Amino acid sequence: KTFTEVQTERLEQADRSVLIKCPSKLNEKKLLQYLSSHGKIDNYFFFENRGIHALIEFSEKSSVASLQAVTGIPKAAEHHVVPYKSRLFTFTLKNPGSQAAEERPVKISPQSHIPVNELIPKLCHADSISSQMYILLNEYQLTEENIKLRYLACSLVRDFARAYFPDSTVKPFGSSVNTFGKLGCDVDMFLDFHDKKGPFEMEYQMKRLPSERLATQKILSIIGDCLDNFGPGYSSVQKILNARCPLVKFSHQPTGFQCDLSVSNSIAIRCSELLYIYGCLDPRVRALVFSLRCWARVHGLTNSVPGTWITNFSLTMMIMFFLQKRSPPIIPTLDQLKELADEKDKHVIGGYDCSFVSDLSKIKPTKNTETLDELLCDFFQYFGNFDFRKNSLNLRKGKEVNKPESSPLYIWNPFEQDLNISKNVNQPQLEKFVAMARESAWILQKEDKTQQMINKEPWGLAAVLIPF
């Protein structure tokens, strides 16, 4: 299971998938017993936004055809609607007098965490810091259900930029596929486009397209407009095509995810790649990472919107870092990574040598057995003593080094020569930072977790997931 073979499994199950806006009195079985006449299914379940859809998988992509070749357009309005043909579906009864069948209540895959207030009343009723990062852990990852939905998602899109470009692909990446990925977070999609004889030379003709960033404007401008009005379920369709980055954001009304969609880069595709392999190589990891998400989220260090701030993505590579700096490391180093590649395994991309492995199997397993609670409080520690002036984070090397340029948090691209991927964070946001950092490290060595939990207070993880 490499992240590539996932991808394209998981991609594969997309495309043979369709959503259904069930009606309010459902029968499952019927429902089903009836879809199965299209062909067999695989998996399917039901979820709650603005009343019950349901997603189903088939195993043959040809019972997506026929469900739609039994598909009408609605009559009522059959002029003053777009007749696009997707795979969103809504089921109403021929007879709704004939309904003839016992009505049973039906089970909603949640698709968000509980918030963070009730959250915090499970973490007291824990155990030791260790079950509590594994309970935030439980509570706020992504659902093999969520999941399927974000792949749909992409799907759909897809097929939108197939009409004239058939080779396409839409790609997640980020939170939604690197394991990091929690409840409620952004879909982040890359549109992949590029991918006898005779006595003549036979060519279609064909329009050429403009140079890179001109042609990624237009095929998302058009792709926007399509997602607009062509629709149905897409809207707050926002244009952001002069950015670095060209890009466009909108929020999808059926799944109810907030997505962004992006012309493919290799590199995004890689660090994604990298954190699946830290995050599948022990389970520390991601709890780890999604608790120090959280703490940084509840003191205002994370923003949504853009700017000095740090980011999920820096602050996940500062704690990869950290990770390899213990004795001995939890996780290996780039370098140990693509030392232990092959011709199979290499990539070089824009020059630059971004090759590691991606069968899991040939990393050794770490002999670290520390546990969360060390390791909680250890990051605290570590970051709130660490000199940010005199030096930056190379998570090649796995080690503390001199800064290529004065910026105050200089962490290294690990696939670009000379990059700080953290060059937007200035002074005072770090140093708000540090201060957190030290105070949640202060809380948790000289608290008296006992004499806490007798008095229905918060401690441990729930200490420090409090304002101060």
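Rigid core (definition): largest C-alpha set, two forms, superposition within 1.5 Å. Residue numbers count along the first chain shown, from 1. What changes on going to the form deposited in another entry:
- Of the residues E102, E118, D387, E343, just one CA atom moves 2 angstroms or more between the two forms under rigid-core superposition; it belongs to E102.
- Core-superposed comparison between the two forms: the C-alpha position of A76 differs by no less than 2 Å.
- Once the cores line up, the CA of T371 ends up less than 2 angstroms apart between the two forms.
- Residue displacement note: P328 has its CA displaced by under 2 Å between the two forms (rigid core superposed).
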Contents of the next structure:
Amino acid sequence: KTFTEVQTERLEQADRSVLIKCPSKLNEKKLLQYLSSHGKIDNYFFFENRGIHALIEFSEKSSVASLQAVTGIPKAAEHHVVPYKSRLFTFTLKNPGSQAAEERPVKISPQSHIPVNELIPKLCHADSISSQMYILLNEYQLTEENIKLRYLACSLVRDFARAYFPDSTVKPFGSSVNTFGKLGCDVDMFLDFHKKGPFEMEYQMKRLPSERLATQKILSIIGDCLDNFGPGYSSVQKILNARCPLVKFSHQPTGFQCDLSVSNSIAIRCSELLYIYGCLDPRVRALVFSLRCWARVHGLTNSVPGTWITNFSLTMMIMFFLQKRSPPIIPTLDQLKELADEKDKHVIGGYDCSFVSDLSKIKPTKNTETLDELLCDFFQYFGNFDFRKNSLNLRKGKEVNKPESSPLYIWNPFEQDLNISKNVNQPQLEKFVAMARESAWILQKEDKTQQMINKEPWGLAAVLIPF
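The block above covers the form deposited in one PDB entry; next, return the form deposited in another entry.
Here we give the lone chain, stripped of any partners or molecules.
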């Protein structure tokens, strides 16, 4: 069960899935009975998105074509649609006024988490801090249904990209696949491209200077195509001049906000690294989900980029913390490099990104610290950390001198000599520290039993309300 195996399997399942906008009067049994005539159905679910929608995952890829064969084109008076045929369908009843199976009803798989004000009560009603964090983790994490929906979005963009580039693939990365994803987070997608006789035979293709110019031209054209031809695509925004060129859009059927970029093979290795750490111990994920929520409540993070610390930066700080335990909760990257082999030996653009993929090759942690300790110690550790003189190196798992002058310096573990938190200024760092120290204080000085009895917030709940 390696990261890459899972990706391939998830993509193959997304390959043979479809989305159906369901009728207002919905008969589950009749719908599945009909669709079963096109082939076996491995899995399905329903979700709410300006009407009831259904994801259908067939056992066979041929069932998609079968269904497409009996699907027609919409036909209006103005009658002007872009006739791109996808795997987005709309089912309506032939005779709507002759059907009265109104009270089914249908199980709706949620795609967003409960808001904080609903979550706080549940945390107060828990037994310990450790449980508060796991409750949060469970309300927030990606469900199996949401994950299928994400890979499908990639798959739909793949087919759309395959109009001009038939050998293309679109693989997700970042929070969507590194185990640290929460409901409502964006889908980060990257576009990838993959002898008898006397002649070497090649295509004629325009020779541009660098990857960068091609990348920009491709994304620009795909962008325009999504905007003008793509069904359910919207708010298309081209950001082709960033360090990593990128196109943003919202996909109405799945409801996701999406980021399409090209060939970032580094970010994939990073996604696998965080995948490993997330799989090694359940405390890792529990801790990240809570601290990331904490940062949002106190305005340390923000939706728009700027001087704020990013979830990703924060996540790496949390990993560094976990590397510095006695004994360490997770191994260092260098430790993972020494356990790698030739199969796991990836070198990309000069940098070494090699590390083990097999989980059993990693010796489990002897550490038995509870989350009560780890949460408070996180605030204590970074509330007393010397950010002027020290930087966070996740390869060595040690504090080291800063290569460059920067308020918060965190070492990019692959593209070394980059600071993943270069964007952070001193005002935002000082606010992080102040909130850390205040949160530590609250957790230390709180009389938990007294707060429970008084029907007041305590533990995680106390640090997840504004000060």
